[PDB]
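A.B. asks: Using the sequences and the hints given, assemble the complete structure.
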Amino acid sequence: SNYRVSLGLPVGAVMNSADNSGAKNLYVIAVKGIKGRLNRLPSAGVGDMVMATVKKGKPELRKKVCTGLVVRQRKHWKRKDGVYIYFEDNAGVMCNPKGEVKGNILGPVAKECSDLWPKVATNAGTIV
Amino acid sequence: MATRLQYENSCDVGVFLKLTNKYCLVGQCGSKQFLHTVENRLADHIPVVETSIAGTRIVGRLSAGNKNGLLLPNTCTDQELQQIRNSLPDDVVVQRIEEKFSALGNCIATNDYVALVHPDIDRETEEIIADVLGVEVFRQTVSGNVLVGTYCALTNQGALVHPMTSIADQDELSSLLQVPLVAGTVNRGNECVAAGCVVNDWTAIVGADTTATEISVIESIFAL
Amino acid sequence: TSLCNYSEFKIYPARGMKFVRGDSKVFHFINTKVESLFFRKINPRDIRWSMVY
Amino acid sequence: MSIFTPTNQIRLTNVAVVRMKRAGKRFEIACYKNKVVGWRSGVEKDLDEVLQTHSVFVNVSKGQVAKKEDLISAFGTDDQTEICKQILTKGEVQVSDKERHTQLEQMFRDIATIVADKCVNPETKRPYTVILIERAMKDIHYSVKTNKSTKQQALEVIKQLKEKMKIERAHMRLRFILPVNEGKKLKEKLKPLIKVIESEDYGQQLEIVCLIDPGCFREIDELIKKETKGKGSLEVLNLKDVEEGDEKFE
Amino acid sequence: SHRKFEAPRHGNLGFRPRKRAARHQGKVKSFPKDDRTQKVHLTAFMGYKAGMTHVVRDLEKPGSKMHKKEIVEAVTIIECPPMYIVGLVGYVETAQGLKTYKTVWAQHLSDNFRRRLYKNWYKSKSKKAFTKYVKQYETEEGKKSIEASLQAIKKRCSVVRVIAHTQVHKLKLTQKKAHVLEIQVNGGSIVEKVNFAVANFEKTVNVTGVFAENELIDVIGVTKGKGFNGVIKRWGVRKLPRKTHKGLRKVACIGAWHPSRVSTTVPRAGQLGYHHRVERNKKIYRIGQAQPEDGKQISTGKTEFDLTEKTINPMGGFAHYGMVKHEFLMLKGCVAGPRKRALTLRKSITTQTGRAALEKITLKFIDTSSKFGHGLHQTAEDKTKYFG
RNA sequence: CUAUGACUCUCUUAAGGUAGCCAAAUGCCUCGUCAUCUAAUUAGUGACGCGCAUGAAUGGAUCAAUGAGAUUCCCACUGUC
RNA sequence: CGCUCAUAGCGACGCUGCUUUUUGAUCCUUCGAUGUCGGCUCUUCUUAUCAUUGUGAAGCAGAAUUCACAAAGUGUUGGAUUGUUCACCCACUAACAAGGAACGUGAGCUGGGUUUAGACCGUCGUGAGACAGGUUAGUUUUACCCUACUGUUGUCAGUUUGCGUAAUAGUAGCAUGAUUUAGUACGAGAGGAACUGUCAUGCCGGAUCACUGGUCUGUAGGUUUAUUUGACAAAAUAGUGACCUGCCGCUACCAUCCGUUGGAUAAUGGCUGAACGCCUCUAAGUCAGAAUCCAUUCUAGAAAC
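Residue numbers (this note's numbering), protein chains in the order written: chain A, 1 to 128; chain B, 129 to 352; chain C, 353 to 405; chain D, 406 to 655; chain E, 656 to 1043.
Hint data in this document are derived by calculation from the structure and do not stem from the laboratory.
A hint or two may mislead.
The list that follows gives simulated cross-link-like pairs (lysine-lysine, DSS-like), each with its CA atoms no further than 30 Å apart [claimed, not checked]:
| no. | chain 1 | residue 1 | chain 2 | residue 2 |
| --- | --- | --- | --- | --- |
| 1 | B | 160 | E | 724 |
| 2 | E | 688 | C | 377 |
| 3 | A | 35 | E | 798 |
| 4 | A | 78 | E | 987 |
| 5 | E | 688 | A | 78 |
| 6 | D | 543 | A | 58 |
| 7 | B | 228 | E | 720 |
| 8 | E | 783 | E | 799 |
| 9 | D | 569 | A | 64 |
| 10 | A | 80 | E | 1019 |
| 11 | E | 957 | E | 688 |
| 12 | B | 228 | C | 385 |
| 13 | E | 1015 | A | 32 |
| 14 | E | 720 | A | 35 |
| 15 | A | 55 | C | 385 |
| 16 | E | 938 | A | 80 |
| 17 | A | 55 | D | 596 |
| 18 | A | 78 | E | 881 |
| 19 | C | 393 | B | 228 |
| 20 | E | 783 | A | 80 |
| 21 | E | 688 | A | 75 |
| 22 | A | 78 | B | 228 |
| 23 | E | 724 | B | 195 |
| 24 | E | 938 | A | 78 |
| 25 | A | 80 | E | 888 |
| 26 | C | 370 | E | 1040 |
| 27 | E | 720 | B | 150 |
| 28 | A | 78 | E | 957 |
| 29 | C | 385 | A | 78 |
| 30 | B | 160 | E | 716 |
| 31 | C | 385 | A | 24 |
C.D. replies: As structure tokens, this is what we get:
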């Protein structure tokens, strides 16, 4: 669907779960789509679907391997119109395998992430 | 009427096209021409403009336009508004609001008489929306929202909320807004409403996975 | 083209550095000098090479 | 300190072991991985063959062979090929390097077989998969022992969920409806698979037969009469509880 | 045992001798394969890489996500002063390959072209290169031999190449040796190719005739010489860890005990840069006009929707270059070599008919900010009306 | 109660592991089993003990303060990656 | 066995082989010394093919899967535990195939283990001490030689130089996802494709410096610390005092661009057609056809011209 954004969330990067469902952060354990390349860490850009666990949140969901969208990151990526952009914090939002955010997203959502996934646009307040 | 449709088999057509009382916008869809099937249903009136806004394919819940004003954020391009202002003949005042706190489709649910408002809309937006839409605005959230757009779908003679919405909100939303309500949820996989259906006084392009008995439920308030 | 936020400099295509904050405000910095002086939280009216001066 | 080839290493093996503890010492011998249940059933497996070595061991991991100072004192003999028979019959099958596997995979084979025998749900009874009771048997917190027999162990796991939940512990019955022409090769597939009653076949109308079936075998028989025929065939419930299943408590 | 974890190879072996290029300017070692369907035209040229800038254009790729939308695209500016054609050379096909046949020259050889023949031009008093040759044109017992030399070419041989050379002296680098190379003519009927040769002696060929607009060309050049570089930064080898004794910027194991010599395929430290490389499919966005030596400043960097009378030159000129005052052509993406390097452009080996060959470029913006810093201005007059 | 083994004898060699403690720097099997830390743990810790081969100044159990002693984990922090 | 059906797929009871990636067996080389586990790194080879390409079979309706062939051109991962090889999980994935190279690789590294001397504990021994048991701490030396490789000059068996040819050697692009096709073929349904086209990505490769970020001896400018020149000014010393901004340059999937088309084949599907009045892809001929092979393009340019 969308382009290559600069990947700045490797495996082992905690990010703030901008989602009104119960988490306080998200620890990315692998990214869906990364294959191969000996000794390279799977990085997540924005728009990526990550497999993540929660290290801080409601205890009824705390040791499961859940799915999340990276909706903003502070590694600066240039859009292909020339303008760069970088957010304030890394962030995530929990979903299903299909990519259905069932909660409400808070904070600005990058519009390289409201592209591939429709329901990340329909729960975002600010799409930037 | 209340017809199934999908945008690239990701059935949520309620965001990639807005069907307002005038000027149905549609997304770009660098694929099969998505606007062609909706133009086979809207060649009679309500011209389709095939414009993308802000670079992004969503226009229905990133632009929240009425019959009397279309809205575009501060991320939109001057050439995209130079296409939007030209693609439709003169009936509207399309107003690019200088808001940047939000994305404008998900935060105002609009209607030809009285619209809705995400609470911290920063009253500059309130005055400019009373100028260019001329509608009353109410900074309300339903029991399943704080972002009151795109959890509810607003039209004339009809609206919708969730069955996770309390009755106390539905009665006051039938009282204050003066629009009848059904608590049905479009597209039984998800919860949100205005990602599933976009409504005119004539039709409602509806997501493809929607069950037909629920399609009858929402068409028995959208049509009549 | 657009205008810089901290200083009121003019920004041509691909000589910016756009930054979007947690309060959903977006800033367009023209280089990382302006970005450094924004993140030290100095007023633009204190420095005398900006266009706010 | 810097010898050019490092010293002797462990004696890792693939070979089963049997224990006998006599007069204060712990004597084992090396055997075959399956041919010690070929010895304690009365079946002969040629005493030369049941051993991987004939010389008696103190410790089979350390590879330590006993001596006749502590053998005439222990057994009352010193002839090793008579020692190895007493250790074989009057011992208990000890376990090699694969003990943790042949015990954990055994206790995860046991719950994946004995728990899943005949179990239907509430609410107009249907069967289901194995992983639902793999949830609901850790949920009832079952601890599995092997020395109680497997049929008795089947009758033990469902006692606890008759006590806890509302589940049925018997057979069921179905009334199969199939058309005459395109259903006889469906008849003779399940006719030597399960038991039948009321074989009522016509020419103008449909073959109606009734069943004697467990509660769990229905989900196969809902699908196998369509994936062979290729058309529609009807599942009509007959009865929900017949004895001579596990209701006799064998 | 074997290689435990499997990883791709560190480096290409299709570039493997990795030495300094013997061609100081870039050799067209293969020309586009001649079809006699087409008319006569040249197929190579020689530019000089002025600098680099970025342009803004609206994409016309239907189906993409950027479509009818602005895109900042970087472009290098290759300055192409017109090329003098100064001879022609015939090539007969033989069993061992093409061979140089008879080499007809012109009469007025420029004193910049004659500098290639002379390594010490200043010590030579009477520059006697091509002096007994040009006296063949004076008499007609020598001029007769030119035509019998030329009818040998237009009958006996198969490839017609014009020996063409540039004007380095017209753009001020510090060089007066005018870079010379053969451009093979590619048209039908050899008696038309030698016709196109001799009808261009002593006359210049502009870049706008050889290369069209909105087309893909290949750029033959010599890359930026980075000297004796170690194996990481040359091949791509993962660094050894923090604890290593003899050094961590090495290939650790350079072979097994059993071939018993180091393979030619092991990454070893050696020369980086000054490698001959070609770059295929580099689309020209704009061919710029010449600027006149008698007349006003032709606004080369003026585009549609911009309407600023400005050059392709940024503020302060191109960094480490002069100004682009002759014809240029700006093509998308980077090319081999730094600023001030001779590049041999070349028409593509096959005639591309894909998407980018059928693309049509309409630039809306050309950045002329001072790249010697971070210029926030476009023209030198906007700077004076901004801080005045 | 044929599981436990009080009780009861003989036997070498006088007696038969008391209070405690542990897969412990002491446990072969062993990556023991149950819980817990983890997404995932041959690791860590807390329990269980027929303990190949724990155990009372051959000192047993505990243990504040201290340790260029050994091990595991969370926070910070970093080119460790 | 596979409902019937030996051979779609398997296949007991037997038999015939191969391999040297297990461990044995032996003691032929080496005890005036071949540094011995694992890992990291890096290259090349093998095919006993995991994926990819082309095909053929199935109990191949579609999807998914299974068997085989030509196929080694290109891939074949991130991690928790353990020194581990092995093992076992979590997660990605087109796939996470098996292997050699002195059980590749210690003047390449590390030194976790093993494996000296210190020490503790358990069992054995009267004891010194033993353990092929557990624990803990424990020096990893030399290349400047020859060759090999990587680059760099240099001699060219009419002078100097120009522009070339291209023998020979190397060789590079591989792969995925979404979407059109299409909720269509197929199917009773559930589910649900394919060719072409389009758009992107992953990995690799070759460059590059317009942007963005990093670096900062440009000791460029500023702030400022302690001292010294009497104070101001301006300087220094503190091995570049520290901090902030930062040219040029170098740089990074941390940024950008670019990465082709022809011929002959294999597998196999076939045509004309005998042998063998019929049949037959085969015997004489012949056709299409693979990520293959050879060229094309690319890299070097020879006691060759």
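A.B. asks: Hint check: residue 720 of chain E vs residue 150 of chain B, CA-CA at most 30 Å. Holds or violated?
C.D. replies: Holds, at about 27 Å.
A.B. asks: Would the pair residue 783 of chain E and residue 799 of chain E pass a check requiring their Cα atoms to be no farther apart than 30 Å?
C.D. replies: holds, 23 Å
A.B. asks: Just to be careful, I want the Cα atoms of residue 80 of chain A and residue 1019 of chain E compared with a cutoff of 30 Å; is the pair within it?
C.D. replies: Between residue 80 of chain A and residue 1019 of chain E the Cα gap is close to 16 Å, so the pair holds against 30 Å.
A.B. asks: Within 30 Å, alpha carbon to alpha carbon, are residue 1015 of chain E and residue 32 of chain A?
C.D. replies: violated, 38 Å
A.B. asks: Are the Cα positions of residue 385 of chain C and residue 24 of chain A separated by 30 Å at most?
C.D. replies: violated, 34 Å
A.B. asks: Below or equal to 30 Å on CA atoms is what counts here, so check residue 938 of chain E against residue 80 of chain A.
C.D. replies: holds, 18 Å
A.B. asks: Can the restraint linking residue 35 of chain A and residue 798 of chain E be considered satisfied, given a maximum Cα separation of 30 Å?
C.D. replies: violated, 71 Å
A.B. asks: Could you grab the alpha-carbon distance between residue 55 of chain A and residue 385 of chain C and see if it respects the 30 Å cut-off?
C.D. replies: Violated, at roughly 37 Å.
A.B. asks: If you draw a straight line from the CA of residue 160 of chain B to the CA of residue 724 of chain E, is it 30 Å or shorter?
C.D. replies: Roughly 19 Å between the alpha carbons, so the hint for residue 160 of chain B and residue 724 of chain E holds.
A.B. asks: Hey, residue 385 of chain C versus residue 78 of chain A, does the alpha-carbon distance stay inside 30 Å?
C.D. replies: Answer holds: residue 385 of chain C to residue 78 of chain A is near 19 Å, not above 30 Å.
A.B. asks: Given the hinted pair residue 228 of chain B and residue 720 of chain E, is their alpha-carbon gap at most 30 Å?
C.D. replies: Holds: residue 228 of chain B and residue 720 of chain E sit about 23 Å apart, inside 30 Å.
A.B. asks: Decide if the proposed pair is consistent with the structure: residue 688 of chain E and residue 377 of chain C, CA atoms, cutoff 30 Å inclusive.
C.D. replies: Violated. Residue 688 of chain E to residue 377 of chain C sits at ~59 Å, over the 30 Å cutoff.
Consistency with the previously given hints fails for numbers 2, 3, 5, 11, 13, 15, 17, 20, 21 and 31, ordered from lowest to highest.
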